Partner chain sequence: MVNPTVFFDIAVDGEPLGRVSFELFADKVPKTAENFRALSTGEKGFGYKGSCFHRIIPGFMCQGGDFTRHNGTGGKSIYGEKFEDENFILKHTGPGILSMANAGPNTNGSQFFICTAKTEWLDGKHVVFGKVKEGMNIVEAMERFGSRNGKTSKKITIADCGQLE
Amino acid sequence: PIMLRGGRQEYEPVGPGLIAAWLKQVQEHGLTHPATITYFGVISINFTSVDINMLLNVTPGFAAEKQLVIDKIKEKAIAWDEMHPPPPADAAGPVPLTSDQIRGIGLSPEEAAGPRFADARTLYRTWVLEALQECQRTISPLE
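Requested model, single chain only, the form solved without its partner chain:
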């Protein structure tokens, strides 16, 4: 995540405590349970695309649900690229981004935390939350 420290923007990777806490939330309630989706919304504020993929990728199980969520992200990326062809290399900025760039594909954590990707990481978080929301599980009776 990006955070203000001593007045300046700094980047730090997701900490082991948050990874552990997110994993417990998923295990206890489910990946697409409404409370889990809200939880992801709260924690992922100011995450880079690399941070987001980190949390998605370390989540075990829920293969079916996770696959449906990833499928919806891919659908958004496909739609994005159709509406936004990539510009020539040395075109005047701010240069708009491809879906791969928005999703943090091939980016170092440092790169993904840079100003070039500030709007992009916000947009990717939006795509992921939209995908989760669209796969929301209706709450059912517990054991």
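C-alpha atoms forming the largest set that superposes within 1.5 Å between two forms make up the rigid core. Residue numbers count along the first chain shown, from 1. What changes on going to the form solved in complex with its partner chain:
Only one entry in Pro109, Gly30, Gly114, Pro96 has its C-alpha moved by 2 angstroms or more between these two forms when the rigid core is superposed, and that entry is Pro96. Once the rigid core is overlaid between these two forms, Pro86 counts among the residues whose Cα shifts by 2 Å or more.
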Contents of the next structure:
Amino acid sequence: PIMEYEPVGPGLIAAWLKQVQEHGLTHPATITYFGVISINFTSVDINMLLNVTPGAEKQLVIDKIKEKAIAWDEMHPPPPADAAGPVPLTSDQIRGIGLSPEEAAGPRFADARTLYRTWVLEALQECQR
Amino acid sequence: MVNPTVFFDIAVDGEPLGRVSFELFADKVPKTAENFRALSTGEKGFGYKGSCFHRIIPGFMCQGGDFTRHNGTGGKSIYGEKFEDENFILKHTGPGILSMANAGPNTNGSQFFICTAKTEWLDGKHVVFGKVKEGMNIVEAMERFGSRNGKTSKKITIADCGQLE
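Same protein, the form solved in complex with its partner chain this time rather than the form solved without its partner chain?
Next comes the full complex, this chain leading.
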């Protein structure tokens, strides 16, 4: 969470798990809850919540995020071998993979983590039964 | 001292499109500004005149300045093949920002890009050193001749360039 970065607390992790367990990952109330708690989240924070969620609908949601990342990267291909950048915003950056928690809270990824929150909200909605 | 202004006269398949001028932020990044200025006048015996924008990506940026290899693998500065990142004081705040292309830390040569959007993920990685003054509508026209991977549908060239005032 960004305020100065602080990691997602055990209290909120426990509350998220309780919400998912009692109502399901893609229940409208759970999606709404994710929407609210992720407002100040980095992409790394969002992944914390996704990752602690027990392993059918979870895989489907993850797959939908994967599909959004594929479509993004196809529309934003990086420069060829040997050619100078700048590199476009890539889906692994949007997803915060390989970013230190601190790095993920920095100004370089403000629009990126906002977009990622949207990808996840959409993935959750798309997998709602 | 006053920040220098330089111009590119841009052509599309050899036909004059129009002029884009830039303020160079010599007050904040004098070394980087001077490199671009000198390459624009051709006073060192080499530079931007006749070169192309080899990589134009709509919604991202227009990249050029590779006057040796014309494909993103070349270019050189007035300080040698590469020079260091001068500083990262200025940020990629939106359309019109002029910034150094590079292939990693301290690899500045002659290649540059003109943002057509805010590109904040590049902050602290590419040295910002100027901004479009006149001719943003020309840059927008150039941008439309690009594609997702940068390949241009028309030859976009710097027909002439120099320093104003």
